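In the form solved without this ligand, a lone chain appears below as structure tokens.
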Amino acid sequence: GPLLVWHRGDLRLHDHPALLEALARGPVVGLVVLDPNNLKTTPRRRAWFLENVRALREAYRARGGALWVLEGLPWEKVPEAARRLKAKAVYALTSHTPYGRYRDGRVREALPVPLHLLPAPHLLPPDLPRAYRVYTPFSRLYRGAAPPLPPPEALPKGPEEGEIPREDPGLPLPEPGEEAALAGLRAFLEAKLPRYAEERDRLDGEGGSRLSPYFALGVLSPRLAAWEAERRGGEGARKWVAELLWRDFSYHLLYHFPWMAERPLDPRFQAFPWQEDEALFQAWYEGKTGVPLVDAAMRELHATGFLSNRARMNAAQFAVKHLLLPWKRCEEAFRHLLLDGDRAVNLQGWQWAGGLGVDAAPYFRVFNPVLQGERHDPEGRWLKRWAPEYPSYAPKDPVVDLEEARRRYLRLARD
């Protein structure tokens, strides 16, 4: 009987502990389950997921292996596949998310054979004993990347079942799959890594790898990426790996402070006067605030599904501080428009840029919509491509008075 390798947010063959753990014991058959709990989202994210699943199957086929794709509830579909294949056991990577744990417990209950969960590759585990709310102390535990596991050269033959639906993303998607992701990593490392420290703040984010969409679905292992960068070494590598750590820090936070998905890490903001005005929300959501920066950011987001880190922190803070729009609603809408939309990461990003308790970031730090745009964008070429209308980062009829909205926040914040 074969061993089933169940892929979730790990659509890759490189550095995959569950895949090798099973392969070492005997023939394997891969499996992906299209779960309504994950697929019932915006078209752009559903398609991104589906296309990477299609790419995984091709990767299995190219090696002579078999990848099944079933649709439905994991606790019904995994056992079904196990029965049909007469599998001896099921192997997967551990998931520490609320849904992940609920789902896997249900599957374990329905499964008549063992379900073996292995640690997913990380730079720093999220379930670390000590709980840190600040990044620096957390990052000090990192002692370099462990070596990544190799991909199999060829795969044992087996039967293939299931069809992979085709969805209209409603926009241009990056090239799906591990091969594409690996080529991107190489390029970035050979060309951009060297100056990353000096180019990682551009508003158009072209100094970065643009690999987040792949990381989000596990198409690329963070351990492999870090290991590669560290082989290059230098200031660039040090700083870039530090960013990868931020991703792990994000999972660490949500793991130790689950309640932060509900309320700010910083208790003194549990009762901030969030003014839920449906009119302002659309203005922000649509990028019609009048502020060149925020507007161009939200317009690129709606069109591309991607946005640089610098752009995200502005657009995110503007909504929280300059408009006092509640974060809960804003972070959800934000996540849904992102190809790399990751619950834990997006949440820490908002509770950080929003001065809500992450990394003890101070509330008094308030971005200046125009300065930011001139200090992080040359001939305003970025603003030109996404908001041609605006002559410059000059507030041409703001939906609120910037200077006022600022003092308004600072005022409220001091309590």
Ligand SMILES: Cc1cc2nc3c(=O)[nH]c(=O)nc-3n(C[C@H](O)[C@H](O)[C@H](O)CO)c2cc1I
The other form holds:
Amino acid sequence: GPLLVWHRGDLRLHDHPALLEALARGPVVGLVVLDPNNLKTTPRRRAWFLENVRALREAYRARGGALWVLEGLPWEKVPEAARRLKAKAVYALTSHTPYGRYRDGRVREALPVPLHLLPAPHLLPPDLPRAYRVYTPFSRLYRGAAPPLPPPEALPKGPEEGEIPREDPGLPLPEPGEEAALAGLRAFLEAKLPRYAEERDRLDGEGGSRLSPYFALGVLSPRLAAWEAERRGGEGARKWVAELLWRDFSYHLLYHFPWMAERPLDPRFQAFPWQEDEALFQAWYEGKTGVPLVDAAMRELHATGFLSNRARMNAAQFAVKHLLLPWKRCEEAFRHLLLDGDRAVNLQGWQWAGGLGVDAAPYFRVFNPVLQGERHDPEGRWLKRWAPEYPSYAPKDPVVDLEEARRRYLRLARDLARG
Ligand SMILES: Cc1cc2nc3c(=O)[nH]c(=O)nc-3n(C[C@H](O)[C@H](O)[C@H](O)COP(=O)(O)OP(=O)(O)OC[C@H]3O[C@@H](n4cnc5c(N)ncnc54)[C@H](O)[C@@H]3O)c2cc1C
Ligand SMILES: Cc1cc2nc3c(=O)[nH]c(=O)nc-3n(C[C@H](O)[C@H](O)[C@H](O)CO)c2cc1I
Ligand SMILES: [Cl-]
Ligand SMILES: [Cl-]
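The form solved without this ligand done, now the form deposited with this ligand bound:
Shown next: the complete complex, the earlier chain at its head.
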């Protein structure tokens, strides 16, 4: 009887605790399930997920092993592959999210053999006893990466079942699979790391690793990335890893503060008067707001599935602070455009940028949008690639008056906030 290895958002061989835990007991057969709960989403993200599954099978086939791919509900398909293979047990990485817990609960009932879950590799775990809303106190618990675990060398032979359907992403995708992801990481650590801390805030995002699409499906392990930056060492190295830590902190917050997915973390913002308004939602959404910097950001995201940290925090704050659009609508639509879109992380971003209480980011911080453009794109190159309509970051029949609206937010917000 083979042990099944059930890969969810961990489409990799390297640093894979459930894969090893099973491999030491006996022969294995991996399984993915294409779950409608994750895959009724935009074409770009269905394809990104599916092509990474496809690369994961190529990775098994290449080491001589077997990856089933089945389609439908996990509590209906994990048991089916259990019966059809006669597995003695199934292995997977714990998920501390509300769907994770629900699916994993349901699978464990329908399975007649054990379901053994193992800690996913993290820099810091999301389910620690104490609850922090501030990053600094949280980041202090971190002492440096533990060593990552090897990949298998060669996998045992097993029968293979399932089709990986092919979907139109609608746009150009990165190279799928952990062979592409580990090449990308080593180029990055080798060519850009020294300057990361000087370069992280450009609008073109070209001083960073561009590896988020991979970290989102677990195609690259955050403990391998950190451990490796820690070996290279130097200055870039500390700051890059501090960013990986902002990803773990995003899961930390959503775990301890679940209601955060419904409402601002800061109680003082729970009654803020958003003004739904279709006309305006559409112009933010489609980058037609008249603000060079927001329409570049919104238009790159549409065409590419990717956006830099500094464009995102601008594009996202603008909706909340200058347009006063309701966060849930926006932040949903945002995450659907992103290959790397990740519920907790995108929520943490919206709550930070939007001044609703991640890390005590103060309401008063309002991006001046032309300023933001002059400090983070020094001779225009970015703005000309994504909206050459605009001759500079000077706004051009903006859908609101910026100061009227800066002055507006600061006003509504100072009552609420400290009144
Ligand atoms: C409005 C908002 C929404 C966002 N939504 C998401 C999302 O859905 N999925 C997502 O991956 N990132 C999201 N981010 C966080 C961050 O912007 C991106 O992960 C970063 O742009 C990825 O580019 P990079 O791979 O070059 O990062 P790098 O600069 O190379 O950073 C290394 C890695 O650390 C992690 N990281 C970096 N910055 C952050 C951050 N601010 N918070 C959490 N993790 C971070 C990422 O996994 C990143 O790939 C969002 C940020 C904001 C402001
Ligand atoms: C765009 C996208 C699509 C995904 N599709 C998944 C799927 O079809 N099956 C699955 O097991 N995991 C899927 N994952 C990861 C799930 O979110 C998973 O339940 C999480 O890893 C909990 O383990 C998934 C993630 C993302 I972004
Ligand atoms: Cl157990
Ligand atoms: Cl280890």
